[PDB]
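Let's start with one chain on its own, the form deposited without ligand NAD, as structure tokens.
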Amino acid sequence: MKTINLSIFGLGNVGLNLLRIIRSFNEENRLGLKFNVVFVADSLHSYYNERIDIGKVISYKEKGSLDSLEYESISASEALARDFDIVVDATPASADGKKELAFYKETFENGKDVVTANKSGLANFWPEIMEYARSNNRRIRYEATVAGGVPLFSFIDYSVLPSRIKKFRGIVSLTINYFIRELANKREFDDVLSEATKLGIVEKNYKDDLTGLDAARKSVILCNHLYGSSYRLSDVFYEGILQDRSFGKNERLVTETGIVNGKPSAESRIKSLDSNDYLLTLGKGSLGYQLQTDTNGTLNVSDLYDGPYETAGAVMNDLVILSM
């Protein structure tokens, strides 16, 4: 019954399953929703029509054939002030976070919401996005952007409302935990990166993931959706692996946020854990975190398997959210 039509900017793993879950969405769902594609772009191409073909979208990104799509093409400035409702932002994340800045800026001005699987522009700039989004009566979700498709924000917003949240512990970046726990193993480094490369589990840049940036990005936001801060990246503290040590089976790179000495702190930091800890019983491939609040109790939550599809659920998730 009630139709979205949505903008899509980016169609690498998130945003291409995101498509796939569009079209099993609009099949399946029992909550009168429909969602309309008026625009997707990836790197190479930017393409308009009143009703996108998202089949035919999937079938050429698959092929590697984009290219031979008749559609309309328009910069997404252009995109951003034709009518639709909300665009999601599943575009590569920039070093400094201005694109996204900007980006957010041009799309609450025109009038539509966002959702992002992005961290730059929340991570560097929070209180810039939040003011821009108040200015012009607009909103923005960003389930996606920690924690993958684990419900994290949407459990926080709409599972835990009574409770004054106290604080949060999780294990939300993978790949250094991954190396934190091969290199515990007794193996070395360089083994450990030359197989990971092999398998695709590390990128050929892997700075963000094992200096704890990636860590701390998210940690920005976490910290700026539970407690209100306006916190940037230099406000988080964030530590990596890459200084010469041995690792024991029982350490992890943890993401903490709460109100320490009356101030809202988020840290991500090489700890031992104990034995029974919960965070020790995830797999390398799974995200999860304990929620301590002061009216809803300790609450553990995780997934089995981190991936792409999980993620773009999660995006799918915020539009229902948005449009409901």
Given for the second form:
Protein chains: 2
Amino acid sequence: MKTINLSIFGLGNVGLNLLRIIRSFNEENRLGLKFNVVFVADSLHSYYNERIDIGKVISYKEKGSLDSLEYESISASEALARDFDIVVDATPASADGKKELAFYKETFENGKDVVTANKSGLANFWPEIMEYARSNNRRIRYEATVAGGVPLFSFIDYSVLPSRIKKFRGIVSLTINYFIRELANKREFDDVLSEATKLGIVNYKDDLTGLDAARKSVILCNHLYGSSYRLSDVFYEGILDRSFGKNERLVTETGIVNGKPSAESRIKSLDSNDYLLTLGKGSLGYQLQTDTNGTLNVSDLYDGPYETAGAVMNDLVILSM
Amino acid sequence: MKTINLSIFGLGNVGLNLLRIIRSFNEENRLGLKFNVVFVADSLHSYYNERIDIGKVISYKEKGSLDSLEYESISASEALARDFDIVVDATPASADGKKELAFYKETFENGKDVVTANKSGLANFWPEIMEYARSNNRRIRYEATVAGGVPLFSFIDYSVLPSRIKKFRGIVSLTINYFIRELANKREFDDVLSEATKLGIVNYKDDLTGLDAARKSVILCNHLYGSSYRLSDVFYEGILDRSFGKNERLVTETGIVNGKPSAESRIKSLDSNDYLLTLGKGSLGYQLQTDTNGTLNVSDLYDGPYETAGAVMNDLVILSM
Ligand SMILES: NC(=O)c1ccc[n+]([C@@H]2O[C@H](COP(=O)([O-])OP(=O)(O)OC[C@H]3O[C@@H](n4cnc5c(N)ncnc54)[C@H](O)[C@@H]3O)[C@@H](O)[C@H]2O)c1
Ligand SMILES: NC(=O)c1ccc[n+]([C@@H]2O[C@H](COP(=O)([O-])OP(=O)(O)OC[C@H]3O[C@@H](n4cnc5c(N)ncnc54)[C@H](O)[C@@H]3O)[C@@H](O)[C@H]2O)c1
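Next block, the form solved in complex with ligand NAD, ref. the form deposited without ligand NAD:
Starting with the chain above, the whole complex follows.
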């Protein structure tokens, strides 16, 4: 009954599952919403139509066959100037966040909101993105940038409204924690890495230096405390010679320390009854300590891109409803 | 900056902590909200004022000294007819739900919304309460009726919007589970009960027959599936002669079974790695399996009335923001 129009940038693990979800949601939902797609782009294609056939785009991407499509081809900038409501950024994260910054600037100025799974602009240029949003009276949500499909920003925004002090501890970076836990099994780094490569588990540098965790901690700290931090404002460390205990994890923590928001990702030996120790190697989870709503433990069972796309979709519904 | 006016019915473990929270929230919040209280009632007092002094009401209730107050005394019905926005029901749960039904009817017809921690009207007269709300274009929220201060209805309503099949399993009834676990320690019923009484842990009939769980399951199932069930539509059981295993809990489950919403509270021996087995005796928690947002585990560490009042307060903010 209410139609919301989208331009989707990126058709990979997240983007392609988002298309599948949008299709099912359109057919099934009890929210009175319909999401129409007017534009899809990947690294090779940039297709516009008043009513993109989503099933066709899915089927042709699955067959490696978007080459075969009839649609208008227009550049990202032209697409932002066409009539629609929301941009979805499911593209690769740049090293410096500049491309994401420029893209959100142009999106906002063209009068559209942003939902992003890409953390790069937010981790490097948060106050600039927020200024461009405010300036243009637009909004951005970023559920999927931290803790994938486990509700986190919607949880903070709608479930614990009365709490003022919130403090966060979590496993939000899985690959480095996989490596730590395997090394704690008394395996050699080279053997863990070799197998992880064959399994598709891991250029693994950003993960294993703790930088992935650091980028997420910027977004989390800024959202929680209204800080305007970038990467240099947070602490992080990684694993790139020593042995690891069974109770060691790279834990990401944010809170107010000495009157100042603080964010850190550190390798710690946890107490044997710590909630975070209970999480499986594929499980994202966190403990959120609040002053009015107690201390809450939240996690999923198995992280994956379908659930991640489901977080993007929750943001899309929040913005629309 | 935006002022919302409340009438608070009940000044006990929940009600009195709600007053304390409202005071701190008014002083501290970054949401641009202020909650003003125009009316408070307990079993002895029914005080109205354009601007009730909350600190005074707290201090006089703590001293057992509301007798000493100057304010207008008016009946609940007169209070509902005065100008305000929301009624908070933090009163005792009736056996049959009729008093709660009549009270919400009069609240809605007088043009005010309801936030309730009392489960009784909802467990017995859900479709009637919902019809009276719809009829009068009013709203009711009930976060605190099931799983206390652990976000549950706000979680469903704002964090997993895209998911259609949701299925729920949880420990939502703590006292019966306390008794089960103590009995699993090879103690005698009479000794558990005697100690529990001295400790203030437990007329314990509704808890130990599983009826408390059953009432909560009605509310949960109706919220999840849009059913209009009452107590006779759900299954439940209790402990009121045999021995109990270490892995037995009274688990409350809801889901679609054979195309029909189903809700059951049953004593089950859980598999040793079940999430629900990880919860402490003071911990409410649940696992929510969804088709678009994965399977989510959520719990608190220690249930209590302050956190429960914090759930009431989250409902108040949702209704107002
Ligand atoms: N579960 C996850 O995979 C997960 C979880 C959280 C966040 N993310 C983030 O979501 C984003 C997408 O991840 P993914 O796994 O889908 O990546 P992917 O590599 O599977 O897909 C990237 C997609 O973007 C496309 N693309 C590349 N350059 C483009 C351009 N200039 N314009 C439009 N499209 C372009 C690619 O062709 C591909 O379709 C990343 O920034 C990632 O960090 C992913
Ligand atoms: N943490 C918890 O204690 C908890 C958790 C979930 C739900 N609840 C529910 O919240 C409600 C309140 O629980 P509580 O622990 O605060 O109970 P309580 O017994 O501590 O307080 C009940 C309050 O209601 C007052 N009251 C009694 N009759 C009244 C009337 N006719 N009008 C106005 N006030 C009246 C009492 O004097 C008292 O102030 C109950 O329905 C309970 O089932 C409580």
